[PDB]
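Please put together the full structure from these sequences, using the hints given.
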Amino acid sequence: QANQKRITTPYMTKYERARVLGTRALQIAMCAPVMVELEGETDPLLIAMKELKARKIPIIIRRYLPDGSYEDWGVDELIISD
Amino acid sequence: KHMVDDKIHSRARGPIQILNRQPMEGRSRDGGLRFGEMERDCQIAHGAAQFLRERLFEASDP
Amino acid sequence: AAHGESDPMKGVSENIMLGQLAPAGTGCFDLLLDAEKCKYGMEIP
Amino acid sequence: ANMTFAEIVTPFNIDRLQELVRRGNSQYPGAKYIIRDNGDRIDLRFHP
Amino acid sequence: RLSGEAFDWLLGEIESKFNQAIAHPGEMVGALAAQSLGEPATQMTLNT
RNA sequence: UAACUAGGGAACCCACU
Numbered sequence: 915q916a917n918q919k920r921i922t923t924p925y926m927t928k929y930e931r932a933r934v935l936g937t938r939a940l941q942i943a944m945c946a947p948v949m950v951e952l953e954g955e956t957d958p959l960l961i962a963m964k965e966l967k968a969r970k971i972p973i974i975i976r977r978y979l980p981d982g983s984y985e986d987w988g989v990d991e992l993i994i995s996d
Numbered sequence: 112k113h114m115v116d117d118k119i120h121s122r123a124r125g126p127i128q129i130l131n132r133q134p135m136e137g138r139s140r141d142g143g144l145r146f147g148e149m150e151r152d153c154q155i156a157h158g159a160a161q162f163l164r165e166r167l168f169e170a171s172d173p
Numbered sequence: 067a068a069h070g071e072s073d074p075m076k077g078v079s080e081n082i083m084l085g086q087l088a089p090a091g092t093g094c095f096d097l098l099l100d101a102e103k104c105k106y107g108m109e110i111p
Numbered sequence: 005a006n007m008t009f010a011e012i013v014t015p016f017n018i019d020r021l022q023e024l025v026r027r028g029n030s031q032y033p034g035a036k037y038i039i040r041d042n043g044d045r046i047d048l049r050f051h052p
Numbered sequence: 062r063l064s065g066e067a068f069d070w071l072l073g074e075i076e077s078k079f080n081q082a083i084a085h086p087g088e089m090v091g092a093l094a095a096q097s098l099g100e101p102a103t104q105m106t107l108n109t
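Chains as they are written, first to last, in this note's numbering: chain A, 915 to 996; chain B, 112 to 173; chain C, 67 to 111; chain D, 5 to 52; chain E, 62 to 109.
No incorrect hints appear here.
Looking from chain C toward chain A, a few residues come up when the C-beta cut is under 10 Å (computed):
no.: 1; residue: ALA101
no.: 2; residue: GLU102
no.: 3; residue: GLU109
In short, the hints are calculated from the structure, not lab data. Where a beta carbon is used, it is the ideal one built from N, C-alpha and C, also for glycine.
Structural data, given as structure tokens:
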């Protein structure tokens, strides 16, 4: 199933954004390079919110279809919820 | 008779039972609160499966 | 046990009893670290 | 002053967390455990 | 009596607020409905 | 020249919600 057969919803759900911010801010707190030009923060969770609004989180969500298949959506491909 | 100094307690990785390695019961033995079945159901309803893993596995008895 | 049954553990209670991460939303999916987009980010000082 | 959050030392917060460890435990905003890179716990309530 | 730009804004708003109301894949619907039925169970009374 | 951890259970009763 290529990008033609890409059948899940284009909107990033609340669960996907809730886990993406968590595991991105956990990486930022473990001294990952930050993708965005931060204006000065110490909270990694606020920096991950900056990267989520910048659509620059380097994470692909593997959405498991219930038959066994899986799609791979980029965060920048997903329309953010808010 | 119900005073708030008699009822306040917190807990963080204190004494642990010997039969299973879960925290103690009651504030007199520095025990922790019970994260019962209905809270497990409520955190299923939130969909906080990482918080539910953190409660039921990591911050209780890893 | 008498019938030799198995448990595929796709449910919620099975993963909670075994203490691993449930497939319940924040957990229904999996996350892949992107290879190309990590080139595009700068190292913080 | 009895429930703790495990905050990871990064260069953004290393001065703040350094000051909270210098306060030690019971100088309220400080800390009680400091966990090494190999998972070794160091108390701050017993004044090393 | 809407105007043309008001009507374009209206269609965009209807399309947005419908796409926000789609059920999210991953939502624990079962526990949600069981709580949605058992929480009015305590408020109901045979003798009221 | 600072020796650094904790230990039980089972029943009943009462109280809080």
